[PDB]
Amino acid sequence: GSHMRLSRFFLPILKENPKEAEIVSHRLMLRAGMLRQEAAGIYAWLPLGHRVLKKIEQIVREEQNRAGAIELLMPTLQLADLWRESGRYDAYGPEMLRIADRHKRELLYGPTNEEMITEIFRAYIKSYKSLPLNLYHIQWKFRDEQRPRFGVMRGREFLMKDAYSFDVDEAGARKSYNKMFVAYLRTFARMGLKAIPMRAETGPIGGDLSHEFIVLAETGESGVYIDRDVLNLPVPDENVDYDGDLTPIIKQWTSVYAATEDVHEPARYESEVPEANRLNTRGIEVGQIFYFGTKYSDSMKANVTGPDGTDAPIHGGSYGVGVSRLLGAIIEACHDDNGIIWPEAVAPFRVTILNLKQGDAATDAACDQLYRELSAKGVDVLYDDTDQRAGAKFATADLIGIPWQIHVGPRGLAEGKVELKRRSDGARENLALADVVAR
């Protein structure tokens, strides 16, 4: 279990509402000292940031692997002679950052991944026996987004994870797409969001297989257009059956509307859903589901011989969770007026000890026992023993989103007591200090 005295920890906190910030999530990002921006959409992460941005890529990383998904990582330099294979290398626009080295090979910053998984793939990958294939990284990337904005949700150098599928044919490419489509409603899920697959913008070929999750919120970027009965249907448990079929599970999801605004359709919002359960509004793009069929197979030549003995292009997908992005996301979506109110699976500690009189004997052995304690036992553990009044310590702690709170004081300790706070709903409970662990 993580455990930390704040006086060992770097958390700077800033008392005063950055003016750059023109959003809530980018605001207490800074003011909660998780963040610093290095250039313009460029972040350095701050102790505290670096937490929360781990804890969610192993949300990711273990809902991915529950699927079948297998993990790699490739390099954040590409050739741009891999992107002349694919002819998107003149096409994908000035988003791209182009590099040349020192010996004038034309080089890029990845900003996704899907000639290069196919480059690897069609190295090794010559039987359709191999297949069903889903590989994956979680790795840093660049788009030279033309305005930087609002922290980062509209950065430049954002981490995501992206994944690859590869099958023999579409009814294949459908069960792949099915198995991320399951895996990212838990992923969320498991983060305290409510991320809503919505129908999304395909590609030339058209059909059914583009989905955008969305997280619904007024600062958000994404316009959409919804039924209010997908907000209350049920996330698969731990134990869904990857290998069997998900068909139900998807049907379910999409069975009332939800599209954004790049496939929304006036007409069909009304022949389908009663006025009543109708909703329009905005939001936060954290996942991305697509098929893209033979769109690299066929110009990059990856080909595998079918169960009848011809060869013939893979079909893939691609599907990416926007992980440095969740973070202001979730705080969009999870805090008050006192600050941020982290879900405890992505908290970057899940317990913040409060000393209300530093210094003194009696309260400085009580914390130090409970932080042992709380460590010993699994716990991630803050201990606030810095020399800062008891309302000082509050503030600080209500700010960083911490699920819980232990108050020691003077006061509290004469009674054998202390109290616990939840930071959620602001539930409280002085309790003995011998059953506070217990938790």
Contents of the next structure:
Protein chains: 2
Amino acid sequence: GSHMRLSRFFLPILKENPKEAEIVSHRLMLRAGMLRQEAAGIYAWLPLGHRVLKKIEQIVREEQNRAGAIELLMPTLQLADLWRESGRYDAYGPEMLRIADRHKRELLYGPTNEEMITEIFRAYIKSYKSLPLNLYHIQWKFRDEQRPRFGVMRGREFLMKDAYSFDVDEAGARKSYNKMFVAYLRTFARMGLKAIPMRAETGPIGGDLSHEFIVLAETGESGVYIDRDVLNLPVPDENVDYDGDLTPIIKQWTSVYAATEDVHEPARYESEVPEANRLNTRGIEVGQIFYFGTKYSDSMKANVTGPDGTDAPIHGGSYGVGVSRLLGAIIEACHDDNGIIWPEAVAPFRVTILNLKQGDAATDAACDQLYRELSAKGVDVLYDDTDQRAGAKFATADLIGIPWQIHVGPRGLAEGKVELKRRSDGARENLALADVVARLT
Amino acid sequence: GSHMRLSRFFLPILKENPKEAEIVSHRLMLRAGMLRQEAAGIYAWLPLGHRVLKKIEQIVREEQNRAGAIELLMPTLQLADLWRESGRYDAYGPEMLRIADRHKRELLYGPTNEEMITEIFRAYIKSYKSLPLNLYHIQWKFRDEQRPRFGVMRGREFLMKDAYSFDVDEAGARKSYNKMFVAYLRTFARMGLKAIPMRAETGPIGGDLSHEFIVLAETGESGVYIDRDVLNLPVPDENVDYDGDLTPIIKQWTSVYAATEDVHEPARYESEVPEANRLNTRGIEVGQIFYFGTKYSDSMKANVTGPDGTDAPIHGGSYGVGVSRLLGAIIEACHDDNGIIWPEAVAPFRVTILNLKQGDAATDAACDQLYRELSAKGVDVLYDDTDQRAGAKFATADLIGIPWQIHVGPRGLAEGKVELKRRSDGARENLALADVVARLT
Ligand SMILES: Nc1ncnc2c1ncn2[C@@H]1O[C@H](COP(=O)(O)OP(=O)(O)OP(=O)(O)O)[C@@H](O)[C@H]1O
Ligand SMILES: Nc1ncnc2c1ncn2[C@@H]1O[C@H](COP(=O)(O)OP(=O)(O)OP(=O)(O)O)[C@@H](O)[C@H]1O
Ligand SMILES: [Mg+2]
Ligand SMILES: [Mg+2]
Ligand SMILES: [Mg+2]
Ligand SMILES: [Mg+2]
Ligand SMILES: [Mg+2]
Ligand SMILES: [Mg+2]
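Okay, that one was the form deposited without adenosine-5'-triphosphate. Can I see the form solved in complex with adenosine-5'-triphosphate too?
Then the entire complex follows, led off by the chain already shown.
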């Protein structure tokens, strides 16, 4: 149970709305002391920013591990020669940040890792009985985005969990796809989000193994066309069996129309969605699952021996979650006039203690008591022990979006009561200060 | 309890001592399926290697936090404008990896973060009442080492925990320095190491505020002179009070002679250290604590308003732990002829189950029983369920360094017994199946 006293913390709250911020999420992240811009599209994560980033990572890691994925780490710097093997060194484009070392060797900050994971695989895996296999990392990306914008939403240095699956053939690769589908539905649900999987841009051989997970939002870049029925589908629980038939689940999700603007078909839209359920809106892309087949295993020669002594290129898929983008996305969906409203699973703290008369021996002594008690019980607690006046303590607390507040002061406390305020709806309640620890654990 | 079955893992064991490896720790990291080179000094962390790196990381973090330091995350790329402020852009030398983006703007992959952290601080901290403040992060660094060597021990892309303290004056900085001294003693102790605080090279302006923490090894790059009594000093428990006087803790560690080749004075060593106690050997620097006073605050005009009423530049110190170097150091100190011997705090798994007849209906059943039950009770458990023969399962288990092994074969289970083997000393015990969990739990 992680714990902090605000006076022992670094949380530089901003009084005014920063003029460089064009949207809510960006604006609130700067003002809640979560983020500092160091270059265009390149940010430092200040303490509170960091805590939520780490909460999000964990959830992503857990749902990857539940689905069978195995975690590694690839370096951020990759050699160009590896990318020359695939064709992509020159076909990728200006988004690639190329680097020369002291010896003039050609490097590049990885924008993605298809070549490097196929290179690691082909070194060690030679048989079909190793497969399916899915390896992932959570690692910093660099895309030299032409016009960085919207804070974490479109940065240059960003965090992606990217996972890549290896299979004998398409049929199997499809099984690997379906695992990730379900893992992603659960990943986003756990963050308080309805990230709807939409049919997305496929490659040249087309087919149907490309989806984008899109959080609905007027201020998003993706144009989207859905049947509203999609927004009410049930999400698999933690006990979903990842070795079984996942088809009946996927079919639930893929049976209602949901296409991005890239693959939308207006004829097919009408003749499938009732005008009643048609929503043409937009959203924020928080992940993407994509089957690529033998695109890298062909040119880089990643083969295995099949179940008939025969050598063939493996079939691949890639799966990406925008981990840092997600802080932006979550704030868009979870805010009000007074600031952030974190889902509990991602909040940097679960509870903040507001001393409403700092120094005063009765309130200080009660706030110390409540602090170490909740602290010792496993609860993530922030104790606002600063010199600030009450109204400032309230405003800061509402702003940084901590799920629950405990209001402690001379009025209620020198009478044996504290106040518990839920951030989500503003629900107030009075409790004896002995009973409140129990309420939260 | 982060549990895994070896049939569903990625652990590419290597039969033959790789030719590229010059020292034990690099050889075993490769053999044990922990590491894979992608360029000189740049490595992918394979699943078992990554798990160790994360354990080390968490220990480092927990100990920084206990001492009161506050975690953020600075980006890997920094502006050259930033380093021109300090003068260090052109002074740092050819280890700095310079990068030009698409708009011709000048960046670098940061080799250290003193300018960046002084820039964050100066944007926000204006008064001495915000001090002392320690901000730190665990981030990937690049240093274009002249000769990358010794695997992870001298990489180019490497992980460091770097902390940076801010204080009003020199007196206050020494206090910040002492907390990190104590935190480093605790950090390295928890890793099963004797990293010794040696007096190290000081800045141009002299003094007694530089210490390298060095784990002795015949083979290391650092030349060290010690009083052997230093190896037996006590390491403060976790209830050490950081807000109080740490001097008597520091004075116990500084009173025995210990110095690196660069500050060693033979005359003073002859005088202070009894002939029998004298020891001149090598070791691996795993950490450094360092005071730089006003070095960055001066050039970058990062002042606070003091208690006397007036403006003055802050005093700083930097404290670095080689997180990734630490896997090489631990293996050097903790191995035998059979492979790695992980201290259990940094070990990738706590117990490995070895099934000695794979497919035997009876022993499969007992292994699963054991696997699932050790999961549920908290234990990092590997179940080697592979189609290997016993002699191979012992060899891999020994090699990868897992602290405990449970040997399970048809013989012992007919008597309702199993073996528990300790990797470190080869201790073994024969006991009831129904009893093995309780010892481990
Ligand atoms: N510049 C960026 N900043 C932050 N997150 C990003 C960025 N680029 C991609 N992401 C995240 O990475 C995920 C997977 O990466 P992918 O390469 O599929 O993105 P993309 O299709 O190039 O994104 P976009 O179309 O937004 O530029 C995306 O779904 C998104 O959540
Ligand atoms: N090239 C490297 N590879 C791995 N770890 C390193 C490397 N350089 C530094 N470190 C780690 O970071 C810590 C602090 O960094 P610092 O800049 O003080 O190292 P340094 O003086 O450059 O040491 P070295 O003499 O090893 O180059 C070091 O104690 C070491 O453990
Ligand atoms: Mg893009
Ligand atoms: Mg896209
Ligand atoms: Mg995409
Ligand atoms: Mg060096
Ligand atoms: Mg050094
Ligand atoms: Mg050093």
